[PDB]
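As you look at this complex, bear in mind that one protein chain is not there, while each of the others sits in place.
For reference, chains read A, B, C, D and E in written order, and residue numbers begin at 1 within each chain.
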Amino acid sequence: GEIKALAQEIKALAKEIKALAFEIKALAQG
Amino acid sequence: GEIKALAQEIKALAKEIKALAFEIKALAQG
Amino acid sequence: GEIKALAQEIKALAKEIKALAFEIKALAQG
Amino acid sequence: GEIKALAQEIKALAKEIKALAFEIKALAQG
Amino acid sequence: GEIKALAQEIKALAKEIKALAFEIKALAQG
Partner (left out) sequence: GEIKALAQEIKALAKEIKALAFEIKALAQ
């Protein structure tokens, strides 16, 4: 399914954005 | 849903960007 | 709805990125 | 509609990211 | 469809965001 695949990719994008935010915090606090 | 979760991670990313900006400011004023 | 809310979070992120850029230029200056 | 509006905010974010990339390059260039 | 193509571009964006997060970590580690 194409719409089902869209839901999966949005969720995976959110996860990569969270991990980016962590690396930015670690840089800031280092 | 998925879109709301994504927006929430973007908001949290923006916050860590703001705090990185402050550390960069503080370093410069040092 | 949620698509507009996401656009608004992306607009706020863009604001914090612009402010980060300003502090990096200010660091570079001094 | 809201999907076009989102696309426009994404374009504006990309522009800020390009400007940030430049300020990082300018900081690197001794 | 256009939706499948959207899902693919979102996946590719997540991939770049992951790679940016690594570069930021490598910077931090310096």
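Things worth noting here:
Here is the rule we use: a contact is a pair of C-beta atoms (placed from the backbone, for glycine too) under 8 Å apart; a residue touches a chain by one contact, two chains touch by 3 or more.
Along subunit E, the points of touch with the absent chain fall at residues 2-3, 5-6, 8-10, 12-13, 15-17, 19-20, 22-24, 26-27, 30.
Not every partner is drawn; the one left out touches subunit D at residues 1, 3-4, 6-8, 10-11, 13-15, 17-18, 20-22, 24-25, 27-28.
The rule we apply is simple: only the chains that are shown with their structure count from here on.
Note on C-D: its contact pairs, compared by residue number with those of A-E or A-B, agree for more than half at A-E.
The centroid of the Cα atoms in subunit B and the matching centroid in subunit C are 9 Å apart. Distance from the subunit A centre to the subunit C centre is 18 Å, each centre being the mean of its Cα atoms. Annotation for subunit C: residues 3, 6, 10, 13, 17, 20, 24, 27 touch two or more other chains.
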